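Colleague: Read off the chains here:
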Amino acid sequence: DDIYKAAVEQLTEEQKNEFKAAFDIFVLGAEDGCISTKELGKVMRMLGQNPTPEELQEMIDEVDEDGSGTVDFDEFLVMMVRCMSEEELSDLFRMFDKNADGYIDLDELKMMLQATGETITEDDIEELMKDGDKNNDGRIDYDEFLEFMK
Amino acid sequence: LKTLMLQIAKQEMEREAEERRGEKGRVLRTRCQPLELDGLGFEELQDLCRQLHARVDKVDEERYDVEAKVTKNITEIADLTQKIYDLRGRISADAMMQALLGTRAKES
Amino acid sequence: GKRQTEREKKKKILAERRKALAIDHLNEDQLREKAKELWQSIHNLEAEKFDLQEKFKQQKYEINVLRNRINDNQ
Ligand SMILES: [Ca+2]
Ligand SMILES: [Ca+2]
Ligand SMILES: [Ca+2]
Numbered sequence: 002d003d004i005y006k007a008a009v010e011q012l013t014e015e016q017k018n019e020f021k022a023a024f025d026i027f028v029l030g031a032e033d034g035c036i037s038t039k040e041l042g043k044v045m046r047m048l049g050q051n052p053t054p055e056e057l058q059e060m061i062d063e064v065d066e067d068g069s070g071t072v073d074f075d076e077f078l079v080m081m082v083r084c085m093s094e095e096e097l098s099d100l101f102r103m104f105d106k107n108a109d110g111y112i113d114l115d116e117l118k119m120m121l122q123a124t125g126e127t128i129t130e131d132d133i134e135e136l137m138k139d140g141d142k143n144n145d146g147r148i149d150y151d152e153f154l155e156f157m158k
Numbered sequence: 049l050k051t052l053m054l055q056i057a058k059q060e061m062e063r064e065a066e067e068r069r070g071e072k073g074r075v076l077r078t079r080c081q082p083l084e085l086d087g088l089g090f091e092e093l094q095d096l097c098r099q100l101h102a103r104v105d106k107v108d109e110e111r112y113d114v115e116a117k118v119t120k121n122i123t124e125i126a127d128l129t130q131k132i133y134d135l136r137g148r149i150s151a152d153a154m155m156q157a158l159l160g161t162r163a164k165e166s
Numbered sequence: 199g200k201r202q203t204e205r206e207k208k209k210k211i212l213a214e215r216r217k218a219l220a221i222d223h224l225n226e227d228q229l230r231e232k233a234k235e236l237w238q239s240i241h242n243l244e245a246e247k248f249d250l251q252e253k254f255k256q257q258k259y260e261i262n263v264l265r266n267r268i269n270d271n272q
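Protein chains in written order, with the deposited numbering: chain A, 2 to 85, 93 to 158; chain C, 49 to 137, 148 to 166; chain B, 199 to 272.
Treat the hints with caution; some may be incorrect.
The calculated DMTMM-like cross-link candidates involving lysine to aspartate or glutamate, where the alpha carbons are at most 20 Å apart (straight line), are [what the hints assert, rightly or not]:
| no. | chain 1 | residue 1 | chain 2 | residue 2 |
| --- | --- | --- | --- | --- |
| 1 | C | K50 | A | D132 |
| 2 | B | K208 | C | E115 |
| 3 | B | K234 | C | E91 |
| 4 | C | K117 | B | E204 |
| 5 | C | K117 | B | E206 |
| 6 | A | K17 | A | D65 |
| 7 | A | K142 | A | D131 |
| 8 | B | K210 | C | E91 |
| 9 | B | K258 | A | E95 |
| 10 | A | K138 | A | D3 |
| 11 | B | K255 | C | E66 |
| 12 | C | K106 | B | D270 |
| 13 | C | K50 | A | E15 |
| 14 | A | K106 | A | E152 |
| 15 | B | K232 | C | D108 |
| 16 | C | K58 | A | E155 |
| 17 | C | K120 | B | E235 |
| 18 | C | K120 | B | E252 |
| 19 | C | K106 | B | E260 |
| 20 | C | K106 | B | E206 |
| 21 | B | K247 | C | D108 |
| 22 | B | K255 | A | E95 |
| 23 | C | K117 | B | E244 |
| 24 | A | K43 | A | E15 |
| 25 | C | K164 | A | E15 |
| 26 | A | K118 | A | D132 |
| 27 | A | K118 | A | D131 |
| 28 | A | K43 | A | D33 |
| 29 | C | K120 | B | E246 |
| 30 | C | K50 | A | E10 |
Just a few of them, taken from the derived set where beta-carbon distance is under 7 Å, the chain C residues facing chain A [said to hold, decoys possible]:
| no. | residue |
| --- | --- |
| 31 | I125 |
| 32 | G137 |
| 33 | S150 |
| 34 | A157 |
| 35 | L158 |
| 36 | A163 |
Because the hints were derived from the structure by calculation, they are not lab data. Beta carbons are placed, not taken as given, at the ideal position from N, Cα and C, and that holds for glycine.
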């Protein structure tokens with residue numbers, strides 16, 4: 002999410018205006034002014050693609066933030082930007105993992121953060137852990153670490 | 049503030065790995081030292097060629113031994129990867155914009 | 199059991215990789231080049247001699263991480 006949101010923050014107004022013009026083609030004639038699998042399929046086929054209904058549903062689900070089953074303009078911008093080393097972080101992961109258990113816990117994160125020399129607030133520590141810990145177990149596993157440092 | 053994180057992650061690549069490679073330049077002349085051919089006569093050269101060929105055999109055997117351990121770890125990695133998996137159980151916007159909007163696509 | 203099969207397999211693979219040294223027709227200059235060639239072979243084997251070792255260390259640990267993951271998900 003975070004890396005895509007940042008890309009969105011950095012689109013110019015004219016870029017967003019052009020994307021709006023494209024979005025209007027997609028949603029032409031849609032009941033609720035949004036893109037369903039019906040509109041998405043129609044445009045993909047117009048473009049020469051032949052997605053299955055499952056691929057279409059998956060394209061929508063990837064960016065659907067309100068569980069509407071449909072794509073609004075904000076979700077469309079994310080879809081657009083989405084359209085366009094590990095060995096190295098594996099060695100670095102090991103350096104965080106001081107008790108060698110295969111997870112980075114809060115203590116280990118704290119130790120590393122203090123070692124940076126920057127002034128580390130409690131908020132710095134809690135938010136970084138929440139940012140890294142996708143499955144709410146309070147620690148950062150290897151796959152979470154890769155996304156965290158992507 | 050997270051996008052400062054991406055900068056420092058990029059510096060860390062741009063990093064330690066490079067220093068470790070260098071620390072390898074230091075390791076390497078420490079095992080394979082320079083040849084000394086100057087002043088060896090014909091017979092001495094024949095013997096050297098036999099000596100080197102024998103060394104080729106020995107080094108290949110040592111390489112094989114490390115390779116065999118690597119192979120056994122692959123088997124273990126493949127098995128553990130299956131185990132943890134069980135326990136845990148287009149077109150670019152560019153091309154699209156050109157097609158839909160034609161000339162009106164400039165910025166995107 | 200498993201040991202004598204590993205050993206005969208090792209012998210077999212090393213035998214297949216071995217080159218025949220034929221130097222008896224070579225003059226002094228050719229011998230110096232032959233020596234350099236053999237040296238380069240040793241070098242290349244020593245270099246592999248690693249992508250060998252460095253890999254092993256990385257493996258020891260995406261084994262340690264895996265064993266933990268399993269333990270923690272059991
Ligand atoms: Ca939606
Ligand atoms: Ca740990
Ligand atoms: Ca986690």
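Colleague: Hint by hint, note whether the structure agrees.
Modeller: So, going through the hints one by one against the coordinates:
1. Taking the CA atoms of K50/C and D132/A, the gap is about 11 Å. The hint holds against a cut of 20 Å.
2. About 11 Å separates the Cα atoms of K208/B and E115/C, which keeps this hinted pair within 20 Å; it holds.
3. Restraint check: the Cα-Cα separation between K234/B and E91/C comes to about 16 Å, which is no more than 20 Å; the hinted pair holds.
4. With a C-alpha separation of about 12 Å, the suggested pairing of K117/C with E204/B holds against the 20 Å cut-off.
5. Note on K117/C and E206/B: the hinted pairing holds, with a Cα-Cα distance of about 17 Å set against a maximum of 20 Å.
6. Of the supplied pair hints, the one linking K17/A and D65/A holds, its CA atoms being roughly 19 Å apart against a limit of 20 Å.
7. As the CA atoms of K142/A and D131/A are separated by approximately 18 Å, the hinted pair is consistent with the 20 Å bound.
8. Pair hint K210/B plus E91/C does not hold up; C-alpha atoms about 32 Å apart against a cutoff of 20 Å.
9. Our distance criterion of 20 Å between C-alpha atoms is met by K258/B and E95/A, whose separation comes to about 14 Å.
10. A C-alpha spacing of about 13 Å is found between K138/A and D3/A, which places the hinted pair at or below 20 Å, so the restraint holds.
11. Between the alpha carbons of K255/B and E66/C the distance comes to roughly 18 Å, so the proposed pair stays at or under 20 Å and holds.
12. Only pairs whose Cα atoms come within 20 Å are accepted, and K106/C paired with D270/B is rejected, the gap being roughly 44 Å.
13. As the CA atoms of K50/C and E15/A are separated by approximately 26 Å, the hinted pair breaks the 20 Å bound.
14. About 17 Å separates the Cα atoms of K106/A and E152/A, which keeps this hinted pair within 20 Å; it holds.
15. With a C-alpha separation of about 18 Å, the suggested pairing of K232/B with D108/C holds against the 20 Å cut-off.
16. This hinted pair checks out: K58/C and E155/A have alpha carbons roughly 14 Å apart, not beyond 20 Å.
17. Restraint check for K120/C and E235/B: the C-alpha separation of about 32 Å exceeds 20 Å, so the hint is violated.
18. Between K120/C and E252/B the alpha-carbon distance is near 15 Å, which keeps this suggested pair within the 20 Å criterion.
19. The suggested pairing of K106/C with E260/B is violated, with an alpha-carbon distance near 30 Å, which exceeds 20 Å.
20. For a cut-off of 20 Å, the pair hint linking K106/C to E206/B stands: about 17 Å separates their Cα positions.
21. Taken as a hint, the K247/B and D108/C pair is honoured in the structure, with Cα atoms around 8 Å apart against an allowance of 20 Å.
22. About 12 Å separates the Cα atoms of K255/B and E95/A, which keeps this hinted pair within 20 Å; it holds.
23. For a cut-off of 20 Å, the pair hint linking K117/C to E244/B stands: about 16 Å separates their Cα positions.
24. At roughly 26 Å between alpha-carbon atoms, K43/A and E15/A are farther apart than 20 Å, so this suggested pair is violated.
25. Simply put, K164/C and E15/A have alpha-carbon atoms about 9 Å apart, close enough for the 20 Å limit, and the pair holds.
26. Taken as a hint, the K118/A and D132/A pair is honoured in the structure, with Cα atoms around 9 Å apart against an allowance of 20 Å.
27. With a CA separation close to 11 Å, the supplied pair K118/A and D131/A stays within the 20 Å bound.
28. The suggested pairing of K43/A with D33/A holds, with an alpha-carbon distance near 16 Å, which does not exceed 20 Å.
29. Between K120/C and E246/B the alpha-carbon distance is near 17 Å, which keeps this suggested pair within the 20 Å criterion.
30. About 13 Å separates the Cα atoms of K50/C and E10/A, which keeps this hinted pair within 20 Å; it holds.
31. For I125/C, the interface hint is violated, the least distance from its beta-carbon to any beta-carbon of chain A being 13 Å, above 7 Å.
32. The closest approach between the C-beta of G137/C and any C-beta of chain A is roughly 14 Å, which is over the 7 Å cut-off, so the hint fails.
33. Taking 7 Å as the C-beta cut-off, the interface hint given for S150/C holds, the closest approach to chain A being about 5 Å.
34. The closest approach between the C-beta of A157/C and any C-beta of chain A is roughly 6 Å, which is under the 7 Å cut-off, so the hint is satisfied.
35. For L158/C, the interface hint holds, since its Cβ comes within 7 Å of a Cβ in chain A; the closest pair sits about 5 Å apart.
36. The interface hint given for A163/C holds, since its Cβ lies 6 Å from the closest Cβ of chain A, which is under the 7 Å cut-off.
When the structure is compared with the earlier hints, violations turn up for hints 8, 12, 13, 17, 19, 24, 31, 32 and for no others.
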